[PDB]
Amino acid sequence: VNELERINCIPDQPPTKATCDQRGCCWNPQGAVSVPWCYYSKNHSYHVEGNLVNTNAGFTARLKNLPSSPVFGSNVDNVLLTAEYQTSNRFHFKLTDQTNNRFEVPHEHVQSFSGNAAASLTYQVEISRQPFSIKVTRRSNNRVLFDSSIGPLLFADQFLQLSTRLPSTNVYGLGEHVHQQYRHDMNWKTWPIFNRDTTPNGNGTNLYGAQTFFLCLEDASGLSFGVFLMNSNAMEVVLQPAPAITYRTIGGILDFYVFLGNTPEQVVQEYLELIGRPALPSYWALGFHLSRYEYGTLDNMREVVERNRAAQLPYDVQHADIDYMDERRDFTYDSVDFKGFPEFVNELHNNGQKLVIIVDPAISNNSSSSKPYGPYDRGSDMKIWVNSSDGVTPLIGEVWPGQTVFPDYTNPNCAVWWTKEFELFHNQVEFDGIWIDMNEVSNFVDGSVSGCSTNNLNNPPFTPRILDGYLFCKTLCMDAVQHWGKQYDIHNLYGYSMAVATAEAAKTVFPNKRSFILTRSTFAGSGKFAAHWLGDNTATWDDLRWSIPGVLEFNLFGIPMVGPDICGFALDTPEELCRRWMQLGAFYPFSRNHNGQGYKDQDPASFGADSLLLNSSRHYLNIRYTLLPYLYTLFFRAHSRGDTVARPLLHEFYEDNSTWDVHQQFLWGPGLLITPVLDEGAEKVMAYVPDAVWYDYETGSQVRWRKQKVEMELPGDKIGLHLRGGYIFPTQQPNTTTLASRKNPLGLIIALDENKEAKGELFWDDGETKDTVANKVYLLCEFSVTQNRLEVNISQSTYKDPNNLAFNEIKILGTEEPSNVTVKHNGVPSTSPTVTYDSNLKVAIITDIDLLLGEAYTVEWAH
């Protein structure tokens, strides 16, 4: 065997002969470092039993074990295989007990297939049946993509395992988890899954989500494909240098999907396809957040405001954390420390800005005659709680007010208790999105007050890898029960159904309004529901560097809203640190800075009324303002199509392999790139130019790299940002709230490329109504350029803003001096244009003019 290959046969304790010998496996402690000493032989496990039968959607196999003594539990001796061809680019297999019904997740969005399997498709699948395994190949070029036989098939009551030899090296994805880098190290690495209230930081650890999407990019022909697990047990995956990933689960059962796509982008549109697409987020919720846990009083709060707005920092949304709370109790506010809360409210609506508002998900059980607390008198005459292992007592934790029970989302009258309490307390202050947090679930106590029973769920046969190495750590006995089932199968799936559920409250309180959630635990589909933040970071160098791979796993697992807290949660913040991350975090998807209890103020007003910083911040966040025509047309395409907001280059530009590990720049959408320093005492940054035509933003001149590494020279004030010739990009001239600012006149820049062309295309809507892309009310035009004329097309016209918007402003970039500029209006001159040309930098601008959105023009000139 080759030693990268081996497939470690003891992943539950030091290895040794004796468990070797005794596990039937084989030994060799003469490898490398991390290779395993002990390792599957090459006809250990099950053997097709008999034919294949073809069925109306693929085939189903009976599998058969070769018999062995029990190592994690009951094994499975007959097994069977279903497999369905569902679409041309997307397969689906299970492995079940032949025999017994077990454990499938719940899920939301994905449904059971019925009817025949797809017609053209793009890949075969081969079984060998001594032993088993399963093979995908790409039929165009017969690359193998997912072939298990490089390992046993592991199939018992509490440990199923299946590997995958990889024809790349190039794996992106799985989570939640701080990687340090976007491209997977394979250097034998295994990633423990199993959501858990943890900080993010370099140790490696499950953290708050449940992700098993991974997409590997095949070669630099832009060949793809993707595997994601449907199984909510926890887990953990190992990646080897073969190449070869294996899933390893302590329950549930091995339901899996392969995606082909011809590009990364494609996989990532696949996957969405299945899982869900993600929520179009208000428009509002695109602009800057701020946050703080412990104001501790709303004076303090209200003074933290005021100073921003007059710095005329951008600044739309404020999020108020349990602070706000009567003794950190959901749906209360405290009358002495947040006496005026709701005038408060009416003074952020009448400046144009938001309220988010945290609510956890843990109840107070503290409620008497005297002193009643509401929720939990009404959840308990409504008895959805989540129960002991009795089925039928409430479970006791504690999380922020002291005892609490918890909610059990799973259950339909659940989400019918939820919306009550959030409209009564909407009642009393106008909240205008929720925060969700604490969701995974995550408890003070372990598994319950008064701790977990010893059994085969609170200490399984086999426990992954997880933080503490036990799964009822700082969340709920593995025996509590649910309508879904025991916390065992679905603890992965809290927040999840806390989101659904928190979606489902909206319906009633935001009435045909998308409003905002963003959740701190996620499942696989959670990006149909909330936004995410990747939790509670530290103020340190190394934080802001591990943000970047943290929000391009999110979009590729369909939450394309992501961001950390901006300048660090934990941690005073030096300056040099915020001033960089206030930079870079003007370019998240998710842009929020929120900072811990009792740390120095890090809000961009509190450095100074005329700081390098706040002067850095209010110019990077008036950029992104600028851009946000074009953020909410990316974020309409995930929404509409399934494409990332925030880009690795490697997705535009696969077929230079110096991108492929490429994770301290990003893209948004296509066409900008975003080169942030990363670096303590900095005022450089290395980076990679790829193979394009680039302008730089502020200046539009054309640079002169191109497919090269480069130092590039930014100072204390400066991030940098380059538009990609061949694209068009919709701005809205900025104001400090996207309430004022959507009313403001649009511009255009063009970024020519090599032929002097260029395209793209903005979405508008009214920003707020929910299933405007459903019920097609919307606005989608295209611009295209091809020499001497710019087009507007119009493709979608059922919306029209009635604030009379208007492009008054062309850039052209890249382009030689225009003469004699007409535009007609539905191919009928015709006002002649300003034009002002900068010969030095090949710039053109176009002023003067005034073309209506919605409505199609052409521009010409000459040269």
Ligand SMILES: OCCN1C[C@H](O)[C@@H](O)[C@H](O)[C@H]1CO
The other form holds:
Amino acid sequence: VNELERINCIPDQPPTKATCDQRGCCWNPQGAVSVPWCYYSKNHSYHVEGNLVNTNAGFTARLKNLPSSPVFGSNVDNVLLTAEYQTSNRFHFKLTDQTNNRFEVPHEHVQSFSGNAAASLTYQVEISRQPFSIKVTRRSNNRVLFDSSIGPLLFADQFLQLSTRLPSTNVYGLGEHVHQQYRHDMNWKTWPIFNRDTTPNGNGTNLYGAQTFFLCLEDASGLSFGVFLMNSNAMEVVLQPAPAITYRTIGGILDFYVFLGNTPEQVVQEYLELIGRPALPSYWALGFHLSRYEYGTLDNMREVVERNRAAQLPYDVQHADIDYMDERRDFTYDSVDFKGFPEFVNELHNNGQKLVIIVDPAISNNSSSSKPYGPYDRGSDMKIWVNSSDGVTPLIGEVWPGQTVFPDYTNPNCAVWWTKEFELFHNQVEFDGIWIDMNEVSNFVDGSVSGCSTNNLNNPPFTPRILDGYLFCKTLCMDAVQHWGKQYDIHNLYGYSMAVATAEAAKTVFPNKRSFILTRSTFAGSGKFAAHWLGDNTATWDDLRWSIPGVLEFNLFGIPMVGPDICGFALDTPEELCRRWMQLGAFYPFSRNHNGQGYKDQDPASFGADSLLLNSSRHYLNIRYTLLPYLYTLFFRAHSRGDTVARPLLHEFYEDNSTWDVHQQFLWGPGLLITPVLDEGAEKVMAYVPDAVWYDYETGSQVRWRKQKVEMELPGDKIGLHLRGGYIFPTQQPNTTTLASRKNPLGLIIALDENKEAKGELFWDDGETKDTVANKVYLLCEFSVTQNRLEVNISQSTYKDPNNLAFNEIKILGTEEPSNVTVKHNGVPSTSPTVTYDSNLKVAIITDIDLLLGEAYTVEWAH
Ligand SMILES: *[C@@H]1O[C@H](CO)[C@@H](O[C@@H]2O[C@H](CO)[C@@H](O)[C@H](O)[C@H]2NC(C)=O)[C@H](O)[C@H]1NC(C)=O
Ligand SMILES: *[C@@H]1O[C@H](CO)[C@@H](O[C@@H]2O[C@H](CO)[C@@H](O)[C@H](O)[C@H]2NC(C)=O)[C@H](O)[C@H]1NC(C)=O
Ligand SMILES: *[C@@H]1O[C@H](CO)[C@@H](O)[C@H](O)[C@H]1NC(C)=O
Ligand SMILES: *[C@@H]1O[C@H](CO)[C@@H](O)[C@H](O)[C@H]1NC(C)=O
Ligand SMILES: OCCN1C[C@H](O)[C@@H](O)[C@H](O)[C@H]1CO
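The structure above corresponds to the form deposited without the ligand; please give the structure of the form solved in complex with the ligand next.
Let's see the whole complex now, leading with the same chain.
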């Protein structure tokens, strides 16, 4: 046996022969570090009984267990395999108990499959019977993608395991963790998944959300595939250098989806087609967000707001953390320390800004006739709390306000209760969006105020290697009861159900609007309802570096609006770290500076009205705002098609194996390469320049570099930003709010490829109405240059912006001098525009031009 293919048979304790012999496994302690001493024997597990049965969707098989004896509880001796050829590029199979129904994730988006197996499959499926294995191979080249034969199927009531071989070590995904790198190098590694309030640090623990999806790039041709496990029980994913991946969960069923694509982007698209594509954000939520834990008082918050406005910082959103509340209680504000809160929200709104308020799931149970607490009284009347195991007494835990009950957002009535709470509170404070925190769900006591009973749910046969080693640690009892089921099965779905309910509440509080929801805890599909932030990081250079894989991974997961706390939540931030972080932060899809309680100010203007940090921050935030039309269009593509927004180099440059492990750089979509300085003291970064034409964003000049590692010179006020030849970038002259910026003239940056061609697009709608896409109320146009001609072509034209918008500048990069430029509108000339040419940089700027948005034009020149 090859040692890299040994599947660990003692995942639960240090390995010993006595245990090994007792489990019927193989013993060989001679291997290298982490190679399993005790591993499963070749014939251990299930076999197919009888024949496979063709069905309309695919096939079923009956699986039978070769009689072993209990290790992690009751074995399931008769297992049903059901396989559905759902689409040409999506395969679904589940392993269930033949004789008993079991817990299955009640996903809000994924539906059951009905009717017939798809035509023109890109994959073929093979079943072996003695012993059972399942294999999925790519038809075009016979590449084995999924292959469970490396290990057994284990299917006990509270221990389910399946492994698959992998065709490469280019493996990306799984969460929520701090992986540190982007590519899983497949050395021996276990990643637990169980939603938990814990620090995203170098310890590799389970964090706030649960994401089983991974993507595998098979080879340099781009051919890629994805695997998703639809399971919400505590689990761990085990990676080894075979290469192989094992899923090990403590409940539910093994419900697997396999996705094939021609490129990594197609895998992501196929995955999001199944679980749900991300919500199109409000355009304002694409601006800069400022926040902190404990301004303490409204005067303090107002002071920070005011110094940043005085600095002319682009700055759309102010968040209000739990300090705004009356003693940290939802749906109240502090009438002393936040006296005049409603007038402040008026001032924000008058200045074109928005207010997002934090809300916690926990509701104080402290209500008397003397002092009534409305949210608690109303929720108690509606009977919408999580109950203890008796099924009828609301479970009591403890969070910020003291003893608390927790809403059962899996109950449709709880969304009606929650909605009414927000409508009532909105009458007092006119917030614009909602930040849902602590929704793992996070509890200051273990399980409940009376702890947790000793039983198979709170104290299961096997516990994955989760932080602290017990399931109910800093959360609800596992035998707590909700409408969807027991906490043991649905713990990982709490924040997901909270996002669903909060979206539902927004249909009433902000009629017809997207608003903005930011969530901490997620499950697969949470991006349909919410943005995400990476949690309570620290102001260290390690945290800055670790943020890039975190953002990339959440883009795989369909949560493209994701970012960390810029400058670092915990700790006072050093000026140099915060300056570098603000430079990079300008380019996170979610861009928020947030700071923990008690630490020194880290809002940009706190560093000084004429500090290098403030000047640089404003500079790069203005570039971010200039490029918002391009970013917004990327979000349109994420929402409508399922493309990523922050994109790894490898998704565009997979033919080049030097991109496969790049994680210190990333792209906005296909065209914009972002290269931060990420090292303390550094004024350079070692960077990779992919195989394309690149132009410096600011000067427009073509770099000499191509398909090579470079030492990019980046002084204290610089981040690397390059535009890819072949792409046209729509821009809008910036201002300090998107309310104002959206009224400004537009521009095009044409970055020419080797053949002097480029293409691009622009999506434009009202920026706020929900379902402008489903209802087809938008503008979509396409730009294409070849090679003495720009064509502006209109493809969807059901929104005309009443602000009279037009392109009034075209920048062309990598071009010989354009002469005698003409503008035709629907073939009719024409107005003669101004052209400025830099012969040294090879940049032309066309100005004194007025291409109305939503109209077709041709712009021609000669050389
Ligand atoms: C938690 O316990 C409460 C009672 O404290 C249950 O409330 C029931 O609510 C339904 C639906 O509104 C009513 O028709 C019942 O009459 C209520 N029962 C009682 C005994 O008051 C609630 O169902 C429980 N929730 C869960 C998840 O089990
Ligand atoms: C940026 O937006 C501001 C609004 O905050 C504008 O400052 C306003 O616009 C017009 C000038 O055309 C004035 O009548 C307003 O009084 C201006 N200021 C204020 C304080 O309201 C500004 O024009 C915008 N500028 C850009 C670059 O688009
Ligand atoms: C792991 O956690 C401990 C606290 O449990 C902390 O002190 C330590 O710094 C963490 N390690 C890393 C590598 O971040
Ligand atoms: C409940 O709130 C009241 C009103 O402020 C307070 O006096 C009392 O101590 C609280 N009870 C608990 C259980 O802390
Ligand atoms: O347990 C503390 C609760 N919250 C944790 C969040 O992750 C953080 O962003 C927020 O500032 C803080 C106060 O609301």
